[PDB]
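S.K.: Please model the complete structure; the sequences and the hints are all you need to start from.
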Amino acid sequence: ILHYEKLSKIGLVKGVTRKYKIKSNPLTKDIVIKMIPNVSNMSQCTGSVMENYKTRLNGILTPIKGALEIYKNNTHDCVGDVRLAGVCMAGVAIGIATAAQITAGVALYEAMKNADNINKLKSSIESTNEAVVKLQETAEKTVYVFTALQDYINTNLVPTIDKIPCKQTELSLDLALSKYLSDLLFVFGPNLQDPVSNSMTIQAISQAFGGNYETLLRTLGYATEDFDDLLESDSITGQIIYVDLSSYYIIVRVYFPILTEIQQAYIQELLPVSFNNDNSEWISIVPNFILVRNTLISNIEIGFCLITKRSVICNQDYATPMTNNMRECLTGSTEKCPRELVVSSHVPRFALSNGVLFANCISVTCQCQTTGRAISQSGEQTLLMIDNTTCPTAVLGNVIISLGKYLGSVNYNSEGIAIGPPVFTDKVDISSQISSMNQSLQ
Amino acid sequence: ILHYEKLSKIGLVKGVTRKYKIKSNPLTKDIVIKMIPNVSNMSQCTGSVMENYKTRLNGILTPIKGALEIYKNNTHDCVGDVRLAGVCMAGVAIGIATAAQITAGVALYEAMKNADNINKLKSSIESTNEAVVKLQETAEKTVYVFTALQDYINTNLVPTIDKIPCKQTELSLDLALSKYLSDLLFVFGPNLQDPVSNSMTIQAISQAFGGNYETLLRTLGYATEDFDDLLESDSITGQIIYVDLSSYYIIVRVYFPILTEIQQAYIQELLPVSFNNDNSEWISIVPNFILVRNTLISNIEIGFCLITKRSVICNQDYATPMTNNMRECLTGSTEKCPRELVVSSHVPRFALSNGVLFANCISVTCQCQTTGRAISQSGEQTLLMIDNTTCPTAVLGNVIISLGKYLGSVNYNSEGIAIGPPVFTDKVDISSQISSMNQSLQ
Amino acid sequence: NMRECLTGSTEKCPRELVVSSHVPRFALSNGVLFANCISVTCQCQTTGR
Amino acid sequence: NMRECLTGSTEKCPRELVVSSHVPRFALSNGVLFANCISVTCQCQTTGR
Numbered sequence: 027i028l029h030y031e032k033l034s035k036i037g038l039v040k041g042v043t044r045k046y047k048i049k050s051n052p053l054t055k056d057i058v059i060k061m062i063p064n065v066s067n068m069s070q071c072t073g074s075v076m077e078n079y080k081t082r083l084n085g086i087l088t089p090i091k092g093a094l095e096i097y098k099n100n101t102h103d104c105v106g107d108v109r110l111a112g113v114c115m116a117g118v119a120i121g122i123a124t125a126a127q128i129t130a131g132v133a134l135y136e137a138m139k140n141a142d143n144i145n146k147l148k149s150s151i152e153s154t155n156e157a158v159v160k161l162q163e164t165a166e167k168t169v170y171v172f173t174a175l176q177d178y179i180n181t182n183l184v185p186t187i188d189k190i191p192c193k194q195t196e197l198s199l200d201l202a203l204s205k206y207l208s209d210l211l212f213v214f215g216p217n218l219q220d221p222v223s224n225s226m227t228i229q230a231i232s233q234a235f236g237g238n239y240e241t242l243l244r245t246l247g248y249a250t251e252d253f254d255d256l257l258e259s260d261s262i263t264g265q266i267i268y269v270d271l272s273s274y275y276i277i278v279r280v281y282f283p284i285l286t287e288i289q290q291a292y293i294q295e296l297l298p299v300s301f302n303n304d305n306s307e308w309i310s311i312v313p314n315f316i317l318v319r320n321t322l323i324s325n326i327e328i329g330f331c332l333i334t335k336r337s338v339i340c341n342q343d344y345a346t347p348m349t350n351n352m353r354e355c356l357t358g359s360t361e362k363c364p365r366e367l368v369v370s371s372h373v374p375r376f377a378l379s380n381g382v383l384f385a386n387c388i389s390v391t392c393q394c395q396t397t398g399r400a401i402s403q404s405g406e407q408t409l410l411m412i413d414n415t416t417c418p419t420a421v422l423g424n425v426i427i428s429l430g431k432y433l434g435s436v437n438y439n440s441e442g443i444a445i446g447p448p449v450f451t452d453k454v455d456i457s458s459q460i461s462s463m464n465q466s467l468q
Numbered sequence: 027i028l029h030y031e032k033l034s035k036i037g038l039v040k041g042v043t044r045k046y047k048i049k050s051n052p053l054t055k056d057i058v059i060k061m062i063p064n065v066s067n068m069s070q071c072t073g074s075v076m077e078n079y080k081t082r083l084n085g086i087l088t089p090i091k092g093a094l095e096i097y098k099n100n101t102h103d104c105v106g107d108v109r110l111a112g113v114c115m116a117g118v119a120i121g122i123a124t125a126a127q128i129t130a131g132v133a134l135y136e137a138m139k140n141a142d143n144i145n146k147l148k149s150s151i152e153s154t155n156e157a158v159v160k161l162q163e164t165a166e167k168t169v170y171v172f173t174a175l176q177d178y179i180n181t182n183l184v185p186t187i188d189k190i191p192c193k194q195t196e197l198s199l200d201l202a203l204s205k206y207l208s209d210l211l212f213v214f215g216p217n218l219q220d221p222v223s224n225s226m227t228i229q230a231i232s233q234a235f236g237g238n239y240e241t242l243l244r245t246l247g248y249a250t251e252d253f254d255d256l257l258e259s260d261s262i263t264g265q266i267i268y269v270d271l272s273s274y275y276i277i278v279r280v281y282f283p284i285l286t287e288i289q290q291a292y293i294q295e296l297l298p299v300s301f302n303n304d305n306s307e308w309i310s311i312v313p314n315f316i317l318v319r320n321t322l323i324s325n326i327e328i329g330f331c332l333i334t335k336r337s338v339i340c341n342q343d344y345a346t347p348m349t350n351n352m353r354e355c356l357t358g359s360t361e362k363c364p365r366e367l368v369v370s371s372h373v374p375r376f377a378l379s380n381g382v383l384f385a386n387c388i389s390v391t392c393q394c395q396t397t398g399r400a401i402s403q404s405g406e407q408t409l410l411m412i413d414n415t416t417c418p419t420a421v422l423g424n425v426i427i428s429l430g431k432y433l434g435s436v437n438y439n440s441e442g443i444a445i446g447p448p449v450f451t452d453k454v455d456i457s458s459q460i461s462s463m464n465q466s467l468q
Numbered sequence: 351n352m353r354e355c356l357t358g359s360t361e362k363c364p365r366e367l368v369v370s371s372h373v374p375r376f377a378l379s380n381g382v383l384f385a386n387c388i389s390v391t392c393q394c395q396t397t398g399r
Numbered sequence: 351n352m353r354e355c356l357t358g359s360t361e362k363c364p365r366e367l368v369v370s371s372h373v374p375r376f377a378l379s380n381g382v383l384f385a386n387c388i389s390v391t392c393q394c395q396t397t398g399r
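Protein chains in written order, with UniProt numbering: chain V, 27 to 468; chain R, 27 to 468; chain H, 351 to 399; chain X, 351 to 399.
Calculated directly from the structure, the hints in this document are not laboratory data.
Even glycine gets a Cβ: it sits at the ideal position worked out from N, Cα and C.
One thing to keep in mind: the hints can contain errors.
[As the list claims (entries may be wrong)] Simulated restraints on C-beta separations:
1) H:375 to R:418: 55 to 65 Å
2) V:132 to R:124: 22 to 32 Å
3) R:53 to H:387: 26 to 36 Å
4) V:51 to H:379: 42 to 52 Å
5) R:290 to V:116: 15 to 25 Å
6) H:372 to R:357: 25 to 35 Å
7) H:375 to V:467: 57 to 67 Å
8) V:132 to R:105: 15 to 25 Å
9) H:373 to R:67: 44 to 54 Å
M.R.: Have a look at this one:
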């Protein structure tokens with residue numbers, strides 16, 4: 027549906043084509059993170075820092091449980107075989123809620139059925155003294171405990187409990203806990219206005235475990251070969267389902283989705299190339315990545331998506347609309363495409379697609395090795411296509427390139443196109459332009 | 027509500043009030059039933075009956091697999107992103123299907139994911155030679171195998187493999203297999219036209235295991251305290267999800283639900299008592315059991331439901347509509363209540379409710395104890411309430427009973443009511459009455 | 351009257367009010383789906399609505 | 351214009367077409383629900399309809 031020839035003549039050379047996949051069908055695994063370490067082996071002269079850290083952690087964790095109780099008090103199992111018989115919502119007692127928040131609330135109740143069983147293990151969870159521990163939940167089920175600060179204690183403070191003054195061990199400890207809290211406040215501090223939702227990434231959750239999410243995910247298991255993907259695209263998300271203020275440990279349900287490639291849906295990348303026109307260099311302003319699905323053309327906000335070599339991966343359908351004029355431009359109405367005059371000397375001037383070379387030989391010196399003579403671009407040709415018909419080996423500065431054959435029109439370099447109007451894309455330029463048109467209208 | 031006082035004079039003495047509960051939220055457990063014994067230890071002179079049993083068995087299991095494959099060849103996971111999660115159905119290739127059939131299909135595909143794991147164990151399943159065997163499909167998931175006649179062969183055939191001429195052993199094994207097949211044909215034979223359904227009771231499924239469902243359910247687990255209830259009301263059901271024509275074994279997903287009390291609903295049982303009118307005995311024709319739900323009164327087809335001392339239990343919402351005239355007859359308008367003349371001499375004539383007894387004092391000897399004088403009923407009073415007001419101990423035939431207070435009107439026995447029209451409830455009487463009224467209309 | 355009911359005169363086919371919450375509500379014939387969308391929510395995926 | 355849009359003149363409130371299958375469709379305010387029941391499954395519990 028994209029017409030590549032006029033795009034190339036404007037300066038949008040073909041790029042890689044990647045499939046579009048989204049997170050889907052999430053499996054669940056439950057774990058607990060003890061945000062307080064066991065200092066039992068080194069409690070002889072820990073001092074009063076333990077109590078002060080206790081109060082600070084209580085102060086931080088209290089709003090989380092307060093927000094959770096809004097759903098906990100208002101979640102109940104509706105009675106009788108008439109409906110799916112799931113959970114009822116005291117909506118008038120909830121007051122303000124979104125679709126995502128309510129959905130998380132339902133998943134929170136669902137997980138309560140297992141969280142009650144894990145909370146039966148409270149004494150075992152308190153007794154944990156290793157940075158990772160596995161516990162039997164049932165004869166057919168298991169749960170993992172992660173200690174926020176057990177590795178540091180067990181590796182440094184316990185071995186060095188006598189070789190230095192104990193007061194110094196007090197400071198070190200205090201400093202370690204304060205460092206934990208400082209790293210924590212970005213995620214578990216007052217920034218966490220909505221702990222109920224499950225949109226929080228496992229990377230953010232691991233901040234409660236010192237930022238080591240690779241241990242969370244390895245201990246739970248590399249369920250699929252796409253693992254690095256669901257990891258980078260922020261597709262692996264977790265939810266806090268129970269907060270305890272006595273043992274200072276939270277239960278997190280980790281979600282491991284599967285990446286569903288969307289059928290009839292591919293992502294196209296366009297390479298911009300500076301082109302000559304009216305004795306100056308210009309670069310067209312079009313989206314680098316375009317999403318074409320069901321013969322429908324729409325943009326994509328790929329900043330939050332992951333662009334691998336073969337697929338574009340998103341934790342959410344990040345498709346966004348595209349202007350009608352942009353659709354006509356990418357369809358072939360090339361005069362509707364905007365262009366920006368380039369004043370930077372560090373803009374790329376040539377690109378290679380399918381082995382055929384598009385270049386601006388006015389801006390960059392081109393000569394062919396086979397014939398030992400310059401390759402000339404005239405003043406009315408925006409870009410020069412070089413392929414094996416032109417000559418099988420051309421150069422561009424310090425690179426020797428060998429080119430394949432073109433698949434489109436044989437007389438490509440002899441046919442011109444129309445060119446659009448200039449644009450300026452600075453933040454203040456938009457305000458400046460809007461004033462000008464408004465004044466012109468008046 | 028029900029007007030017990032006006033109903034009592036018609037003969038509808040109040041009875042036990044029972045709660046109403048229905049199966050909901052079924053849990054799923056998976057098992058395999060090997061419809062063929064392992065004859066490995068007796069194979070020395072098993073004869074040729076094994077092959078003929080194989081062919082006869084195949085003749086029964088082939089239609090079941092054929093009906094399942096209408097779904098298996100027409101069931102797959104969709105993208106799951108085009109629309110909220112579900113299972114795709116090739117409906118053009120299915121053709122004819124009910125809602126229940128499609129629901130079973132969905133459950134069938136859903137279970138297929140576990141069924142693939144169980145089938146990965148096919149060699150282990152074939153190797154079973156105990157009547158009950160426990161196996162792993164993974165370290166956190168058990169599965170059970172129940173062989174066909176393994177225990178019987180293990181207990182009487184193998185021990186007697188030499189003490190008698192083993193040609194007689196061949197004959198006895200042939201008879202045993204034929205007995206199994208004859209028992210099976212009631213359920214798994216041509217009557218099983220819809221293996222894609224979860225309405226088949228565990229009692230019927232156990233016929234493949236010799237009718238021994240108690241072993242199925244004990245080995246799987248008595249998870250609830252209402253277990254006998256779920257068992258008798260035909261609430262515990264199972265579905266066949268895999269049929270194998272080479273190892274001759276099926277996989278069944280057994281459902282263990284929980285009984286939900288239908289809130290603001292109860293079942294009232296009415297006792298009939300013969301009463302006088304115009305020098306003859308009559309018994310009213312009304313439903314013995316009435317279902318009142320959310321202040322709405324309706325019949326219940328209670329034949330399939332199970333009646334306990336405290337509640338009425340059904341594997342389905344078996345509520346049925348009720349006539350407007352029955353409504354008015356049950357809420358006070360006794361003139362619309364039906365009545366049937368009693369010709370039989372074995373109709374109950376007195377009943378006891380709340381410690382007071384409503385009796386037919388002329389059709390049965392009716393005297394009091396504390397005075398020695400008889401209790402007389404006039405020809406205008408349909409029934410006589412006898413309570414401790416008239417005397418605290420009454421005699422009826424050979425039973426002497428002590429009676430308590432009455433809670434309703436004090437002057438009950440002095441107030442009469444209107445009486446309805448007679449009816450006849452024979453199957454042929456309905457046709458005769460229809461014909462007579464049709465001829466009367468003409 | 352039943353014969354006329356099954357041969358197109360649907361006004362003579364008797365009907366019963368529904369009291370069971372477990373009565374069938376959709377059915378599939380010839381790959382064509384007949385359902386009572388008032389009692390069961392219907393939203394096909396291709397229109398997404 | 352944005353001010354007017356927020357204080358009643360909804361004809362001045364700009365709108366963008368939806369292309370994300372993951373856009374919010376319902377929201378709870380003051381115990382009362384505002385939802386787009388043509389784009390999402392929508393039924394009542396007390397009547398089943």
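S.K.: Is the gap between the beta carbons of residue 51 of chain V and residue 379 of chain H within 42 to 52 Å?
M.R.: 31 Å, violated
S.K.: Between residue 290 of chain R and residue 116 of chain V, does the C-beta distance stay in 15 to 25 Å?
M.R.: 19 Å, holds
S.K.: For the hint 44 to 54 Å, verify it against the beta carbon of residue 373 of chain H and that of residue 67 of chain R.
M.R.: Cβ of residue 373 of chain H to Cβ of residue 67 of chain R: about 53 Å, so the range 44 to 54 Å holds.
S.K.: Given the range 25 to 35 Å, decide if the beta-carbon distance of residue 372 of chain H to residue 357 of chain R lies inside it.
M.R.: Holds, at about 27 Å.
S.K.: Between residue 375 of chain H and residue 467 of chain V, is the Cβ distance one that fits in 57 to 67 Å?
M.R.: Distance hint for residue 375 of chain H, residue 467 of chain V holds at roughly 59 Å.
S.K.: Are residue 132 of chain V and residue 124 of chain R spaced within 22 to 32 Å by their CB atoms?
M.R.: Given a distance of about 30 Å, which is inside 22 to 32 Å, the answer is holds.
S.K.: Using the C-beta atoms of residue 132 of chain V and residue 105 of chain R, is the stated range 15 to 25 Å upheld?
M.R.: Once the Cβ atoms are compared, 23 Å apart, the range 15 to 25 Å for residue 105 of chain R and residue 132 of chain V holds.
S.K.: Is the hinted range of 26 to 36 Å satisfied by the C-beta distance from residue 53 of chain R to residue 387 of chain H?
M.R.: 31 Å, holds
S.K.: Confirm or reject the claim that residue 375 of chain H and residue 418 of chain R have a C-beta distance inside 55 to 65 Å.
M.R.: 58 Å, holds
The structure does not agree with numbered hint 4 stated previously, though it agrees with all others.
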